[PDB]
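Before any questions on how it binds or moves, here is one chain, the form deposited in one PDB entry, in structure tokens.
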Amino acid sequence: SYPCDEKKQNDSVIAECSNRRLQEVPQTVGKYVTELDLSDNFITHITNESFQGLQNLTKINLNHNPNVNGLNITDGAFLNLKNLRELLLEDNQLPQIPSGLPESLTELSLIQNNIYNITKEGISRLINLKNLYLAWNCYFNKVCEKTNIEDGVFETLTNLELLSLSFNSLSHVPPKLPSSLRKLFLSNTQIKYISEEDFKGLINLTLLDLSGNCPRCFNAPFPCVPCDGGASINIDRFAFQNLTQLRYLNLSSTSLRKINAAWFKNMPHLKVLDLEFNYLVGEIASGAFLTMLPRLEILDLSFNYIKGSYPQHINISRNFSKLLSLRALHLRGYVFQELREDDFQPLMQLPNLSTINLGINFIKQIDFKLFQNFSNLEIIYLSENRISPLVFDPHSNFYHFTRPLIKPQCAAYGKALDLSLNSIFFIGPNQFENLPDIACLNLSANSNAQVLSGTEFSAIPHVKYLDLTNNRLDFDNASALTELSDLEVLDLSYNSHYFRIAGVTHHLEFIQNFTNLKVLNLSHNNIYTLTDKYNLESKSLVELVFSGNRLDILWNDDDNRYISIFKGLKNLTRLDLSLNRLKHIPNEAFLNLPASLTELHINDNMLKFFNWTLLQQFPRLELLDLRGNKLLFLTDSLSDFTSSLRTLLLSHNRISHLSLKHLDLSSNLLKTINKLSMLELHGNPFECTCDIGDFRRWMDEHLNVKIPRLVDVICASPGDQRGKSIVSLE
């Protein structure tokens, strides 16, 4: 299956031809293929011969061609393809919409080109278009002052559901838009005024994006140019009167000081409202508009701080109690010093509020008991505040940061409190007094140097997932954290002494006291020696991450004190030993790794030899990861030593000569192959020669097996073929 890999999905067969240095549309493409991904290549010309005799094609991706003049597409180059629905032509340095596109198309993407004329003929006549993407064409870099949209070019597209013109200079919403529209994206379009007539038709509209017009252009990485003065976007009172279906409204970075409550009079289903990066401190305090949003589930009022203002208190309108459907409130970057019980009274009566996001407010103190008064809080996000011890890609939501606030696997356990990146340099006795019952707690990165003694967390004893990463904690005391008898996940990654000094010693006895600890992460603790007790012991532990410590020192111990260090983890199935500067694992030591192991990582060490013999000791082992070592040869008789192994990763080793499903030998020193569904081989210095004919034939006799990056499976020698993919030659 070449030159592309060809694969089943659904009832459709797919050709992945992305990122392979192709200089032309191959003619070696499977005839069954209905979707062709040619993205991120070096293709320069598309003609009506490029896709000849291929009626079946339904989707083509030509994005990012070519790399490192743009893409030349003849007139009617695609017209032949009677079934073409989806055509992606992003980042192609196109100067005009290609002429003679097939009427079959339902999705067309021309983002990141140089198209300044949206002409009928170009797109008129593509009546079947549902989704049309024209964003990022007349962006500030280079020639287009304004994007010329021929009058009524879209009125003919009466099935158009999505139109994106974001990141082009338009000045005004185009007239003569089809009523069929459901999602209209007009972010960053230099539209400083919205008339009553601009959206009058669009009854079916569920999403409107006007973000970044009259931007709040403060320290924004991307070019930012506000309207004259600090002037906000101008939106007519009745601009939105006929948009009864709107669910998503984005007004981020429109320099808004006032929000007209009449905008929402006829908008009873509004679900999500983005008001990040405006100046709505006043409006938050009064807030007529808040009574008009009884179905709002998500409100983002982030980064509406006033420059230079660090008020004692936040002023929350009482009208917030009228957001009855509110599930998530995002109030980052208001910036204020104190949160009192009373300031959040309006929110205490909202029945479905499960997320309060107060990140990046530099709050010095919070009256923490106030969070007891919420019936459905699942997420309290307080990262980047100042709590003390208590005694690019177009398809990104630029204005709203998009990944989960708290790691899903932590918040899964229950109520989550994230106090990362605050001032909690030690754990005060009253640190967690008056909190609700917390299951997930983040203390990451507080320069916290607490000597854990078994009393610090007793006020929230039902924590299940505890992130303590990037602190300077001492867990020598065997009672450390034992007050959390229900703890399942503990992350102590990157924990070191305060002074970041050479030395330190560890005592890991506290581990055994937990009867339900599942995952423990000790990565990059620079553990080189254990005190008094040389064995980790746990009946419950399933995953130990030990990367970035000094097992080289521990196992070269003159007394062999640590030969059985992990053996006491009787239930362990995953072990990470990466980055331990291992040259040689004493045979004995390796045999005393838990027999229960399922996944063993010893990558990025300096292993010169591996005793393959010992694998019989691990009947359950499925994955063995030995990447990035210095290994020289493989055993001839692997089948003797394991029946279990599915995946063996050997990339970045020195192997020069040659029951399971995946073998990675990429980036080794193989000159040839003499004589299971994935074999990785790229990066080996193949001697492209006839000896190689054996292996070549083997490839043809096993098409099911996947070999990725064939294009990077390269002849090194002799000189005649060097740099040539082994497959092309005969």
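Take the two forms, superpose them, and find the largest set of C-alpha atoms that agree within 1.5 Å; that set is the rigid core. Numbering follows the first chain given and starts at 1. Compared with the form deposited in another entry:
Fit the rigid core and compare the CA positions between these two forms: of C144, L324, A478, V451, just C144 moves by 2 angstroms or more. Once the rigid core is overlaid between these two forms, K369 does not reach a Cα shift of 2 Å, moving by less than that. Once the cores line up, the CA of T635 ends up less than 2 angstroms apart between these two forms. Core-superposed comparison between these two forms: the Cα of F238 travels less than 2 Å.
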Given for the second form:
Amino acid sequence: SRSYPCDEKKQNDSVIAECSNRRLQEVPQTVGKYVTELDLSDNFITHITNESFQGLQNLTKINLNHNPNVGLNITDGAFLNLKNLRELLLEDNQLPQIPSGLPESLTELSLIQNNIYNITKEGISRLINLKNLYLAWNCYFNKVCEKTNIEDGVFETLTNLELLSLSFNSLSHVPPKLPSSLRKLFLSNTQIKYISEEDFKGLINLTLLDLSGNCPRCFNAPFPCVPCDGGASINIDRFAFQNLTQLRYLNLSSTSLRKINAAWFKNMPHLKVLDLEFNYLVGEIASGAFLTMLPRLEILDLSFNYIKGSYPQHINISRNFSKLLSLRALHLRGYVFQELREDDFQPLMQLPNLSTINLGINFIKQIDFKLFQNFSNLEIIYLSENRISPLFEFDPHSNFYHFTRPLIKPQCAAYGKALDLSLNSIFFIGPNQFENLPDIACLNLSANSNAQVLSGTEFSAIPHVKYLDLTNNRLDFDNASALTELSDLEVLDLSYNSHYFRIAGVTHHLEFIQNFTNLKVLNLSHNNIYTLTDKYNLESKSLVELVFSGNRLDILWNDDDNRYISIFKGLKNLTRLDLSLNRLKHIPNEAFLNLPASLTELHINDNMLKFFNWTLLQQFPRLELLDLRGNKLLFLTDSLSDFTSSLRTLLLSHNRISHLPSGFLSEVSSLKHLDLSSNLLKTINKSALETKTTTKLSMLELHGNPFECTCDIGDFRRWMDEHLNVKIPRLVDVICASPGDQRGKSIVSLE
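Since the structure above is the form deposited in one PDB entry, I would like to see how the form deposited in another entry looks, so please show that one next.
No partners, no molecules, just the chain.
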């Protein structure tokens, strides 16, 4: 009664089947009859018939995206027997037509990324319960494809349709006879040059309209882009939006706009998000009558409207920006200007809820920082990727014109006001650099090629920084007072500052670490640390997590050198230590015993350990997680229970373990998760996993072992049957390497 090939998972009172990416040649007939959702994506399935899903009474969702994985044949009426089927994902299946006889019960159908150039009544009109219909990306770029034929009135019978996406197809015109139930209409990149008055006239419920990419701005496009003749603007009739009273979202990115008709927004009192990226609106940004029409606008994106070849001294912001009373975020990337002056952002300064200013990628050379102070509620000052100095490749489910990840890492932003100056050229922080700023909590100085010696005075003007990112610089740690002016500092990321650390002959000082009363997380990764000056030990009463990966503990803990034997011992509060990627072949016993007894989580993965002393776990009574993945370990103790009472997770994947000793699991009651995958186990003896006492083992990973599928595997097979509480994932990847004829088969399948 152990499910195969799928993995069943409890989700919200129901069981779903995860069966994706398992090299399945066809729909498995062993799917649990009670499953409500079935993910069969990324397999090699080529055929779907009315026999594929028999008996699955309560199946509401099927994902068949990407079959076969590098044409899916679906018979007429194949899904008709599934009475509860609501959502059917058929993306990236090379479909030539919409499948015939789709179930009337469908509320969601996705046919994205196929070869469908004809939307017919035979295919669609009978699907009267459809709410969401995705037909995007069937004909686009330089793909060899036909222009899309939309049968007249095909969508007319879809009276519950709320979302229609037709983006990235050749449409030429907005389809007539759209149902008035529509809430979201996606028509991006459809080669529509003209929007008439009758196009959207009857869509009184529309909350989103996407017309982006029609008459695109094609200069420097990272895709094959074809402009309207002459690079003309999209042509939107004066009355084209007169009846869209409920509109909240309007995307007009890359429509080659030079002029925004203010009348378009006359009847849109709820417009909340306006996307105007990749146009030619520098003029409109400066004057902009339309800006007076949007008192409820929360997000305005005007990025990449730069004038080709133009590098003006200043940005020109209309006084009418002051009329955007509800504005929360303003995105002004790729405007391109040399200098940000205080008077230039005047109109923005009285906006009550404006919390985000995004000025990335403007080649700004200099800024008058005191201006941000004159704002009302600024939480995020994003100035990444400028020139500031001292003193299919496109995801069809993502935004096409910008990334959607947060501007600031949420862990950093959570502390408070953020200033992102990453990817600039602040190579030196002088006495006055950070004066007249707001109370910054989150400061990003990553990749500024800063080579200075932090001395303890640089951040004095912003003394309440909690999270400081100084990664990817070339910092010279030659002063024990470095960063000490930041008394409340909790997170310090110093990753990738290896420049000076790798030079044996210069001085290196890390003693400043001990000064902080509140420092919790310190990342020293990829710094090539192998030698320190005078003080060889890291010390801190507060530090909870140290990432020391990508350094040279192999040199630090070299047998002929005693000096670094206690390097981490003074981190009394430490619970997480990452020692991965340190080229470790062995850890001296005395060095290992000098690791903080307070550790709950220890990572030594991706080294070259040929040796591990399991006995030393006796000195780590709080240790819960031990990660030894990706080493060269051959040996497993048979006495683990004598060495730990606390270990919950033991990760041993990608090692050279070929034998599981008798009584390995005996009396280790704490162990919940054992990962032995990608090792050299040929079998598992009865006595290996046997126990008399209580065991809370709930996960055992074994995939990627060269199992011997003779009768010697019978005992473990029996053990699997008697322990269904113990999940073994990727059973299709738990594979017989022998005998010659049983090769490639799952061990779960054997007479």
